[PDB]
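In structure tokens, the next block holds one chain alone, the form solved without the named molecule.
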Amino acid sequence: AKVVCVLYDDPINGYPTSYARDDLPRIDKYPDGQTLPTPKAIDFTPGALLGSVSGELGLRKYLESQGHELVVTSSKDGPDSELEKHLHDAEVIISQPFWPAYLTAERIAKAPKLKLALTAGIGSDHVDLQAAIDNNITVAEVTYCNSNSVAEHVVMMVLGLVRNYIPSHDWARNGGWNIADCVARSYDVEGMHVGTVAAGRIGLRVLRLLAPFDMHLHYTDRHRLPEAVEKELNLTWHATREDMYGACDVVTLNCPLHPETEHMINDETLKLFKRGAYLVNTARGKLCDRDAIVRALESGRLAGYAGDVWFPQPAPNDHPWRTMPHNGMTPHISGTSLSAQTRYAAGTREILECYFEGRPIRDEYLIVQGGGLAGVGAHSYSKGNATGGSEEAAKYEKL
């Protein structure tokens, strides 16, 4: 069959064959006890760059030696992109969230041979789940591959915003000293209240990392955590998102994107935050109304915004979050550190091996199968389409 694999470009200075360090650290398992990916074999060296076009997720030897054709490209947005020439006979489409091939209803409709949309990473909101349901496309993603990596990135951005890292590094590199300019907006997080929206693999992990900072922890979610967990971390529960925001100095979003959470942070909900609250979002950019966030920063309602997710992706060159006041943005990188890519590259192969030998794909990897939500998808997503507006990604130009 044909596999289209959409990956991001290689570094601007070429694809490296040697790295800052020699190996990755050992990891035996994930916190809830889920095993790591178990492909029958891997053909890449752990620690390399796997998610760019020249890395290929290490899938080429495997795929060809079995008769299939692997098309690799970064060209994905716009009516004359490479993805668009290959839709007519694609059996399998693979993309990562960081550089997502948006499978809208019109793209699925052009794709008669399409059986499997695979997300190399976590979060499958860049596929129209309704259309995937209607056309019997399987949708899978690599559960847990980077949950802990995302949680680290959250804590990094919370400390960075609150202590004012980025502007302070600028004063050091431009030759200044400027202590008062740096600490005019520098606080400790000790004693602050921080809440997470959702406390699944990422959000629970965030709570556990912030406990020894002596922050007061707050959460909300569909269901409560086990009473053992709440008493271990001394948690304060809020029955709704909207009651949580007013109680928090720092809010972190860690829920999925679907019609029930699209634009939940807007001009109306921002009125509920404390003046000078801090907001961190590494979940999905579309959880926030884009201009409402710039107004809150400009007015002082928010003291700081930080995240690595944007809508669409890539974000147009003039996307306002790039230059708004008091921001600690990065491009979408938390779930594609070198350490994570090796786990998701392995998981991607494990799903392909199952697909191609006719074995069942692990439930924890499933989002959509056989005309409805399935596996992890059933507990996390609503039927619906989040991919409207996605065309605007075609406006981005490489530097």
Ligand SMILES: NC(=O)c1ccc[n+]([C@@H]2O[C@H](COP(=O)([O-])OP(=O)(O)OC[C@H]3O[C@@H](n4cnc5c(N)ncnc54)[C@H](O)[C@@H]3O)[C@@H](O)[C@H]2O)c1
Second form
Protein chains: 2
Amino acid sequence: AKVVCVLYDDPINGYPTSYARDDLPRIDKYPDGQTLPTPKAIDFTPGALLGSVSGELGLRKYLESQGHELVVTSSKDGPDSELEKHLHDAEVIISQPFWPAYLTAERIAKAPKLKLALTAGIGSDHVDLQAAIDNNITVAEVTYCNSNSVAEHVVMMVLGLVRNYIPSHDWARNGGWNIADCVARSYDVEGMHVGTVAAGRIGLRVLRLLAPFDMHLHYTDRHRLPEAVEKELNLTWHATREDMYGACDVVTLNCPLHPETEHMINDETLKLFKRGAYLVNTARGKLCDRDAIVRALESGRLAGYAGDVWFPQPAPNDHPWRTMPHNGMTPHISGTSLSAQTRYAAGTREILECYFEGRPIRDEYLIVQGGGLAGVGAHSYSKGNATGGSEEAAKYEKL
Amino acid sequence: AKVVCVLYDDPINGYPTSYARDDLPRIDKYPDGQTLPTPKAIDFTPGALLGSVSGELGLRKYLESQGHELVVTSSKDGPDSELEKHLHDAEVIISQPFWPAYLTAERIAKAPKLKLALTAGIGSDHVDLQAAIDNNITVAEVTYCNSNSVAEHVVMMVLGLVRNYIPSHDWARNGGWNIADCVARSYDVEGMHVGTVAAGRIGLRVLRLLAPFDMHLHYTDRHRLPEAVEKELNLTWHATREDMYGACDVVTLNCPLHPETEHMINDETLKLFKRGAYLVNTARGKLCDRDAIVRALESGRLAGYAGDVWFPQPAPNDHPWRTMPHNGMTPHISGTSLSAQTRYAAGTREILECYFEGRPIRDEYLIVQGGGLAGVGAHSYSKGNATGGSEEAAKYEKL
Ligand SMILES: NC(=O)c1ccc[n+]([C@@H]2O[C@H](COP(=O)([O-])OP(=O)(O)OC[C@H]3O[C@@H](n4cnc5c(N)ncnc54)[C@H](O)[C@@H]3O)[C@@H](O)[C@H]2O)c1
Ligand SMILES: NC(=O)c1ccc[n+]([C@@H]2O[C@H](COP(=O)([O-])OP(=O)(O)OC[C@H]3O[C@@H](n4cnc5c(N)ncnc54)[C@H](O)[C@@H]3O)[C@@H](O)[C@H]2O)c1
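Form solved without the named molecule done, so how does the form deposited with the named molecule bound look?
Expanding to the full complex; the earlier chain stays at the top.
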């Protein structure tokens, strides 16, 4: 069969064979008891760069030795991409949320042999889920692979914004000292109220990381947590997201992207935040109206915004979040730290081995199967399409 | 009496009357049960900028109404400073570690009316403690005022270094995407070993903040913690600092500066770190040999270094830590967030009220009194002088 694997470019100065450290830490299992991926073998070295074109997710030997054709490319956006040329006979398409191959209805209709859309990471909203249901395609992703990695990045960005790290580093590297300039907007998080929209694998982990900072913890979710968990963390529950915003100094977004959540942060809902609130979004870029965020930072409704996720991806070179006031943005990186890459490469292989050998894919990895939501898809998503507007990624140019 | 108060400059665009938020969080007491400062009154608005020249620590009304003269200046370094002109008849000298008036032996000898050297913050190593003992001067500081503020900054910098935040933000603001360039040095902290040199008010708080990240926790201290605390956090104890370094992926320094600790990190002791270790130092700059740190980052012995403290302060414009590889420096700011400033301004007033009214200063605020170490000074310090080399601060120029 043909397998198309869309991956991001190698580093600008080439694909490295040496790294800052020699080993990854040992991790035995995930916090809810889920086991780490269980492929029969791996053909890579843990800790290596796996998610760029020359890393190939360590999949070449495995696939070729079975007689399959692996096509690896970074060319994904626009009507003349390499992806577009391989659609006609692709049986499996693999991509990562960090550099996503958008599988719109029109593209799925061009793909008559397509059976499996595989997300190397977590969040399958770059595939039109309504269309995958309609055309009987399986959508799978590597549940839990980087949920803890992302919760680290959330805490990092909450602290970065509130304490005013980025402009303070610039004063240091530019030869200055300038204490009052640094601290005119610098606070401690101690005693602040923080709320998360959703307490899933990431959102619950974020609450647990922030408890010892002596922040007052708030949440809302489609699924309420057990009473024992609420009581252990002294959680305040809010029945709707809109009830929660007014109560929080800091809000973090941790839900998936689907029609119930698309553009949930907008000009109208921002009016409900406290003046000078901080907003962190490592979930998906399209939860926020792009221009509403910029306006709120210009007026002081938000004291700061930070996240690693944008819409579309890659973001155009002049996307306004790059240069808006008081921002702590990164490109989409938290879920593709080197540590997470080894877990999701092993996971991608586990799913392919099941698929090719005719064994069932883990229920926790399933999003869509057999014309409906399935596995974690049924818990966390709703039916619909979130890919509208994704053609705009074609405008990005390297450098 | 004459009170000399050395404070840092106002912000470059002037002293503000508006802030990003309207209120500070309420804090009731410190974690070990110590009460917050108890001055009889305050003449400032909590949340305002207090530690610059125009903030005056909110002390003018109080002092003048008692018939005392308050001299406020930022001019402190060099033989022609304002500080130098006021030494001859100063009874009280106040300064903050962020912008410290170095009270060397020669300066103390010029100050025949001097009775009280007051540290607005924590860490009184910019005063020659041997000379204050010899000349019967009281040295006091505002214990606990910003210990929790600093422990937030430590976690922020540990995450920033390991996850590679700063260079990733630059790719975002410069129009790029460049995932592989960002994550070629990006790891999770999950499962790493972290050790602190000292577990005092800051160091113990840092261990408590990092426990839920599932890091393996290590420490050493002059004073060992109770067995119950070691057992609650699953702490690994090391009897010397040198035994601890080899066991750690990440090392954080949280001890005071005195002869036992001066230049403890140097070319010889860096050889004991794991290759690719991360070092964070928000304690004092002079714990580290300046050029040894630079060498270790050039060879890859250290994968990164970050901190807010330098020697001398302000650091010269070409101090090498500003531009060394893989650094996450800020100027000295963690202990002077707006939240901490209100606690230490109230504290500075509490001590002055005791002093002027002939009441005893809290034992927990004392460093030196009556020709010996006293209060927290006796617990945490040794006799000696750490001010050698501080004349070099005169080389700093604004901008
Ligand atoms: N690198 C990254 O920045 C990155 C990495 C992983 C995940 N993510 C994003 O984070 C999302 C969550 O990840 P996870 O591992 O926590 O997944 P999860 O499935 O365990 O958690 C999702 C949670 O959102 C809740 N939810 C669904 N719809 C909701 C709605 N209408 N309102 C409130 N809550 C709702 C679900 O009940 C669930 O608790 C992913 O779907 C992905 O989009 C981003
Ligand atoms: N803004 C800042 O970056 C900032 C703010 C506050 C404090 N600090 C620095 O941090 C230091 C500690 O602050 P704290 O509030 O934790 O003080 P603390 O007195 O409560 O803790 C100091 C700890 O260091 C230990 N110690 C003393 N000598 C030691 C040695 N030889 N080896 C190992 N441990 C030793 C003591 O036993 C004590 O546990 C201060 O003295 C100051 O220099 C910096």
